[PDB]
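Undergrad: What follows is each chain in one-letter form.
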Amino acid sequence: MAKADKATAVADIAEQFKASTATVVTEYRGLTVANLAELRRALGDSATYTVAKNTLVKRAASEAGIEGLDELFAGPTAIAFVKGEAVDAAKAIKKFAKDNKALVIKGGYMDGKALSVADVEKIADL
Amino acid sequence: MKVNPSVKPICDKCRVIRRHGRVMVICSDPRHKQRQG
Amino acid sequence: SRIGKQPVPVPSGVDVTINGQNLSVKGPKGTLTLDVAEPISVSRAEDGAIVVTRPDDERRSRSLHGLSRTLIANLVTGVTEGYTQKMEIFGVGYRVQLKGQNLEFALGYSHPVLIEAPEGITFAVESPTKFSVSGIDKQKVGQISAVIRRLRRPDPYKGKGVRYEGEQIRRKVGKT
Amino acid sequence: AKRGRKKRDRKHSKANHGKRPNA
Amino acid sequence: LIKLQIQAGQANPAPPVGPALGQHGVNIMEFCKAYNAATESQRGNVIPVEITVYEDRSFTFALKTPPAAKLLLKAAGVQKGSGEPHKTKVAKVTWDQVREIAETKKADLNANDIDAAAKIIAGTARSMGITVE
Amino acid sequence: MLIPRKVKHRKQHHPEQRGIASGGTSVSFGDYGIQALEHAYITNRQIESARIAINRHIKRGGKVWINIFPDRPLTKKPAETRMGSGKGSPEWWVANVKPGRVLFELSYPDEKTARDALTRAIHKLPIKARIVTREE
Amino acid sequence: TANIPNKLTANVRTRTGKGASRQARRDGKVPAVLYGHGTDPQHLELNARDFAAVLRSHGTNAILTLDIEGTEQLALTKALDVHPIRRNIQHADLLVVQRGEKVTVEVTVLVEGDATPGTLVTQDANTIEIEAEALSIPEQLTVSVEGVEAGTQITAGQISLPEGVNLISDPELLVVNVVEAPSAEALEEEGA
RNA sequence: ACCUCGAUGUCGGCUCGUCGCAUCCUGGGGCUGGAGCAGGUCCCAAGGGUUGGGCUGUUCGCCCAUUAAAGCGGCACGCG
RNA sequence: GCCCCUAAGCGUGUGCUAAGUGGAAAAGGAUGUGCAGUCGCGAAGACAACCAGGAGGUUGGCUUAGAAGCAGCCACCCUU
Ligand SMILES: [Mg+2]
Ligand SMILES: [Mg+2]
Ligand SMILES: [Mg+2]
Ligand SMILES: [Mg+2]
Ligand SMILES: [Mg+2]
Ligand SMILES: [Mg+2]
Ligand SMILES: [Mg+2]
Ligand SMILES: [Mg+2]
Ligand SMILES: [Mg+2]
Ligand SMILES: [Mg+2]
Ligand SMILES: [Mg+2]
Ligand SMILES: [Mg+2]
Ligand SMILES: [Mg+2]
Ligand SMILES: [Mg+2]
Ligand SMILES: [Mg+2]
Ligand SMILES: [Mg+2]
Ligand SMILES: [Mg+2]
Ligand SMILES: [Mg+2]
Ligand SMILES: [Mg+2]
Ligand SMILES: [Mg+2]
Ligand SMILES: [Mg+2]
Ligand SMILES: [Mg+2]
Ligand SMILES: [Mg+2]
Ligand SMILES: [Mg+2]
Ligand SMILES: [Mg+2]
Ligand SMILES: [Mg+2]
Ligand SMILES: [Mg+2]
Ligand SMILES: [Mg+2]
Ligand SMILES: [Mg+2]
Ligand SMILES: [Mg+2]
Ligand SMILES: [Mg+2]
Ligand SMILES: [Mg+2]
Ligand SMILES: [Mg+2]
Ligand SMILES: [Mg+2]
Ligand SMILES: [Zn+2]
Numbered sequence: 001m002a003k004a005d006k007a008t009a010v011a012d013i014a015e016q017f018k019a020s021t022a023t024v025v026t027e028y029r030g031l032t033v034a035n036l037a038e039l040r041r042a043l044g045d046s047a048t049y050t051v052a053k054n055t056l057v058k059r060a061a062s063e064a065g066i067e068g069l070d071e072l073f074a075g076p077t078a079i080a081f082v083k084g085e086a087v088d089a090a091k092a093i094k095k096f097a098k099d100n101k102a103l104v105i106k107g108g109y110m111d112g113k114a115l116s117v118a119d120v121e122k123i124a125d126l
Numbered sequence: 001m002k003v004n005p006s007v008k009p010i011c012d013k014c015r016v017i018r019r020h021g022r023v024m025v026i027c028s029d030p031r032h033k034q035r036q037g
Numbered sequence: 002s003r004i005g006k007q008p009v010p011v012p013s014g015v016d017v018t019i020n021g022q023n024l025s026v027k028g029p030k031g032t033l034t035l036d037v038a039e040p041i042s043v044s045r046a047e048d049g050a051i052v053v054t055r056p057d058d059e060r061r062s063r064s065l066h067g068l069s070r071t072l073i074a075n076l077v078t079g080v081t082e083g084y085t086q087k088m089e090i091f092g093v094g095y096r097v098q099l100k101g102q103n104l105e106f107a108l109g110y111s112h113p114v115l116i117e118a119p120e121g122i123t124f125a126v127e128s129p130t131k132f133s134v135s136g137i138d139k140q141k142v143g144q145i146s147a148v149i150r151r152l153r154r155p156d157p158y159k160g161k162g163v164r165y166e167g168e169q170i171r172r173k174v175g176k177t
Numbered sequence: 002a003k004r005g006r007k008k009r010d011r012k013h014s015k016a017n018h019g020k021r022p023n024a
Numbered sequence: 010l011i012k013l014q015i016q017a018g019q020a021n022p023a024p025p026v027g028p029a030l031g032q033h034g035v036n037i038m039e040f041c042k043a044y045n046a047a048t049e050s051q052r053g054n055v056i057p058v059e060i061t062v063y064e065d066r067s068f069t070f071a072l073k074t075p076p077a078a079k080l081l082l083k084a085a086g087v088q089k090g091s092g093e094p095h096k097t098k099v100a101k102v103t104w105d106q107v108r109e110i111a112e113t114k115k116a117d118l119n120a121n122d123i124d125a126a127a128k129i130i131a132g133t134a135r136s137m138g139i140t141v142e
Numbered sequence: 001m002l003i004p005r006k007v008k009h010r011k012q013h014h015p016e017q018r019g020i021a022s023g024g025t026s027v028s029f030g031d032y033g034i035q036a037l038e039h040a041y042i043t044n045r046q047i048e049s050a051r052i053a054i055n056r057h058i059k060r061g062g063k064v065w066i067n068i069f070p071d072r073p074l075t076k077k078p079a080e081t082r083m084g085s086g087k088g089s090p091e092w093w094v095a096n097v098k099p100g101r102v103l104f105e106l107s108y109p110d111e112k113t114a115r116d117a118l119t120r121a122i123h124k125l126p127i128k129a130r131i132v133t134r135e136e
Numbered sequence: 004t005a006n007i008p009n010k011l012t013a014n015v016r017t018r019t020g021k022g023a024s025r026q027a028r029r030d031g032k033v034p035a036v037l038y039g040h041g042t043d044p045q046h047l048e049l050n051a052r053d054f055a056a057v058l059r060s061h062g063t064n065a066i067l068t069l070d071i072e073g074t075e076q077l078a079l080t081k082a083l084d085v086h087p088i089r090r091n092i093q094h095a096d097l098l099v100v101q102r103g104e105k106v107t108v109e110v111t112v113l114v115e116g117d118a119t120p121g122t123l124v125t126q127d128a129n130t131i132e133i134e135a136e137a138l139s140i141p142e143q144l145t146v147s148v149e150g151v152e153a154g155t156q157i158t159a160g161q162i163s164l165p166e167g168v169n170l171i172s173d174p175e176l177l178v179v180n181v182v183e184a185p186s187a188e189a190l191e192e193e194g195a
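Chains as they are written, first to last, in the deposited numbering: chain I, 1 to 126; chain f, 1 to 37; chain G, 2 to 177; chain 3, 2 to 24; chain J, 10 to 142; chain N, 1 to 136; chain W, 4 to 195.
Derived from the structure by calculation, the hints contain no laboratory data. Don't take each hint at face value.
Unchecked claim - Once the Cα atoms are required to be at most 30 Å apart in a straight line, the calculated DSSO-like pairs of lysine-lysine come out as: (1) 8 (chain f) <-> 124 (chain N); (2) 173 (chain G) <-> 2 (chain f); (3) 128 (chain N) <-> 3 (chain 3); (4) 101 (chain I) <-> 12 (chain J); (5) 112 (chain N) <-> 2 (chain f); (6) 124 (chain N) <-> 33 (chain f); (7) 63 (chain N) <-> 98 (chain J); (8) 83 (chain I) <-> 115 (chain J); (9) 115 (chain J) <-> 95 (chain I); (10) 112 (chain N) <-> 59 (chain N); (11) 27 (chain G) <-> 139 (chain G); (12) 73 (chain J) <-> 98 (chain I).
My request is simple: use the sequences and hints to build the entire structure.
TA: Printed below as a string of structure tokens:
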């Protein structure tokens, strides 16, 4: 994959992030492609689920004030953007993690702030 | 233990090495073991 | 090279003495002595480690670097903890039992076979089919384990013989 | 053929300058 | 944890399934009778069946939709597929049958929309060397 | 077996090995080619074996050009014959090959199999040879 | 379509001959002769490596600016001598060209695309000759083959050209021929 | 057609040997389409051993009993 | 030609060779090593190592007892 492709991916991630009300960063280690397809079925109607390189998002995170999310990029990175509403993907990821048990919620980003596991669980209840 | 002037890595598992000045091919499959003699 | 520039930590109870090229390490399991090659220089990193250095970047020094480093690492981890490798025996009527220090095997021969215990190593049988070999020196433990392993020729058909812990042997079938 | 080979090979000495009688 | 393709109204063939199901710890008679009942309810096409096994020798059979190969063959009117696809064309298929099979595969596949399944069926016919119109 | 239909003289001197090739030194018909590096007589049966090797490795597609034709004959006397009593009968046909000559040309879609087939061909020839392409 | 001249240094040959030529080639230099409409031939020597890099970058017909003792000259690579074995460059013939001049140049033709899978594509012409402005010669000419069915002939008339370039050779020149793919048995009678 | 025609005696057999290893047996191995017994192929190995008869002048060969085996060659096709 | 036999250099400077190559040989085989030159990727973290995934259509069709990504032949696609 070329460095120009890396720049294009950075630009695409930034463009997707600019149109997203919130985002969720999670861990996906230990999940088959069938599970990911089911998650895309659950999310693809309204939200968006992606997985991207840590440093490519890090450079793509320098656009806005999400630069504080870099500490959430140590380990596997799974991004969930909410194109429709803000928290449907939050319940979708939480139920997927509870059912599969192989998903770890690294954190979330909402209202210009990065929030931890308990905070995101509280937010999803809202 | 093939002994040939020509030795080659028959399968992808075969490794080509040198032992004591002799070119050898070592592999998990015992058939593929061969030396240059 | 890549292995060579990694200094070797020293546990607390380990005494390290450097005499020119010679090195000696004393620890709970005993004492061991090593000698490094001339182009490789050994030093005591005051933060509690060993440093090996090659002045040159040529082939011979670059090859001896990682060798010496790994030798020192094995040297210290032998006396701090030790080495112990486990064996199983497969087949009907194949058995092991210890006669004091010596190890006694029934391997389907007309006669039972015996193995002495060389200096600095012990055998500990757990079950008539599972036993272990323990020592402070990795090389000697490996040597005796290989000798034990070679006791009966490979058997691709029924799999009878002495095997290592997790060894997965290749097997074929004798149809007739 | 060793004898003929050896003669025709000592042809190649420094002093003989690459030629000898009877090749 | 296996998957086979078997005729709808037929049970216990010796080559395809018998020894295949014998060494997987699956009871064959109950599977055959239940599958025969289900595929006589279906009665239309040969079916692929996926077998999932448990530790108590319990077997669960999943019956998918009729294969795209067989569905396209029966919709096009031909019996066997083209031996040289994209060189010899043996049949013609209109978009209505394509969309019916697309709905069936939407019931089967992960495609988000009917058009994706229709494209999948068109590719399947391309592997069959059958024109899609 | 390539044999000329007729030759004006049926008994000829040996083709001379001196010098290097002047004509036919570059690939002209196909994508890939075999260039010689040694001086040699190449017989018609060596050409046949090499051509068959290329055909078997390539199977269906592609096309093979042979830029060399064995029109020079060589003679031998009958066995167990003393020296003298005229020149012998000609019984094998050869082509004079100089370094730089392009012997075979191949046109096939993919790189790997084309190289492999040509290599199979070189392994059938009495000369050192290399593989060349259209590009400079 | 504008090309920038490539800058190379040249040294007037003190002595000409075969001994001088071999010595210069041994010294990593390539001999050349610069001549043109000005009726004034000059014998030069160039750096082989720079010259080869220029040819790799901009093909065998590259416009050059040469520094002959502080004098800038525009030239075109009219001819090359490549050793058949070593594949060096033994000698170069450079043609004096001024801006806004029409010259005849052989431009290579390359093909790309994917024809019908049951077909084989053969190229009969490596290059075609074209009238073009000195600074506006094309690096290469392309012909696209796709969906081409059975026996189809591409001729020099059908090839596409840039603006301002005129094709001189007769359009009847068969450049690319697409033929039915030979069958497995079809390979056994050719050459037998 | 280089020594030998003012002479270098030629095939088998006998007696006596001596060397090589491209190994017939005995010895040590690897791979097998090596279950075992028995094989196939390759590698290392020259210490010792390697039968008696019928027919054919016989080189050669066929055959009868055996044997662990009944090796292949050089030495003026060793040796008048 | 110049270490000793054997007259004269175990001459000087810079590199190479590990094969006693030097002090015999081919097609061909090969992670031996030195030098020089291109192209690819790489701190936007490269290669190796350790961890998780590698799915659905579908067993793509013809062919066969058999063809399921893995006798063979043709096409050689789509969704997440
Ligand atoms: Mg071979
Ligand atoms: Mg000979
Ligand atoms: Mg001569
Ligand atoms: Mg002449
Ligand atoms: Mg000519
Ligand atoms: Mg020519
Ligand atoms: Mg050859
Ligand atoms: Mg005479
Ligand atoms: Mg006489
Ligand atoms: Mg006399
Ligand atoms: Mg006399
Ligand atoms: Mg004798
Ligand atoms: Mg031997
Ligand atoms: Mg033996
Ligand atoms: Mg053996
Ligand atoms: Mg012996
Ligand atoms: Mg002895
Ligand atoms: Mg003898
Ligand atoms: Mg004799
Ligand atoms: Mg005699
Ligand atoms: Mg006598
Ligand atoms: Mg006699
Ligand atoms: Mg003397
Ligand atoms: Mg002296
Ligand atoms: Mg000197
Ligand atoms: Mg000295
Ligand atoms: Mg000296
Ligand atoms: Mg020196
Ligand atoms: Mg020597
Ligand atoms: Mg040699
Ligand atoms: Mg080679
Ligand atoms: Mg080299
Ligand atoms: Mg698939
Ligand atoms: Mg099949
Ligand atoms: Zn192998």
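Undergrad: None of the hints should be skipped; say for each whether it holds.
TA: Results for each hint:
For the hint pairing residue 8 (chain f) with residue 124 (chain N), the CA-to-CA distance comes to about 19 Å; that is within 30 Å, so the pair holds. Restraint check for residue 173 (chain G) and residue 2 (chain f): the C-alpha separation of about 21 Å stays at or below 30 Å, so the hint holds. Distance check on the hinted pair: residue 128 (chain N) and residue 3 (chain 3) sit about 28 Å apart at the alpha-carbon level, within 30 Å; holds. A C-alpha spacing of about 27 Å is found between residue 101 (chain I) and residue 12 (chain J), which places the hinted pair at or below 30 Å, so the restraint holds.
For a cut-off of 30 Å, the pair hint linking residue 112 (chain N) to residue 2 (chain f) stands: about 28 Å separates their Cα positions. For a cut-off of 30 Å, the pair hint linking residue 124 (chain N) to residue 33 (chain f) stands: about 27 Å separates their Cα positions. Under the criterion of a C-alpha separation no larger than 30 Å, the hint pairing residue 63 (chain N) with residue 98 (chain J) is consistent with the structure, at around 28 Å. Distance check on the hinted pair: residue 83 (chain I) and residue 115 (chain J) sit about 25 Å apart at the alpha-carbon level, within 30 Å; holds.
Our distance criterion of 30 Å between C-alpha atoms is met by residue 115 (chain J) and residue 95 (chain I), whose separation comes to about 25 Å. Among the hinted pairs, residue 112 (chain N) with residue 59 (chain N) is consistent with the structure: their alpha-carbon atoms are about 14 Å apart, no more than 30 Å. This hinted pair checks out: residue 27 (chain G) and residue 139 (chain G) have alpha carbons roughly 16 Å apart, not beyond 30 Å. Our distance criterion of 30 Å between C-alpha atoms is met by residue 73 (chain J) and residue 98 (chain I), whose separation comes to about 28 Å.
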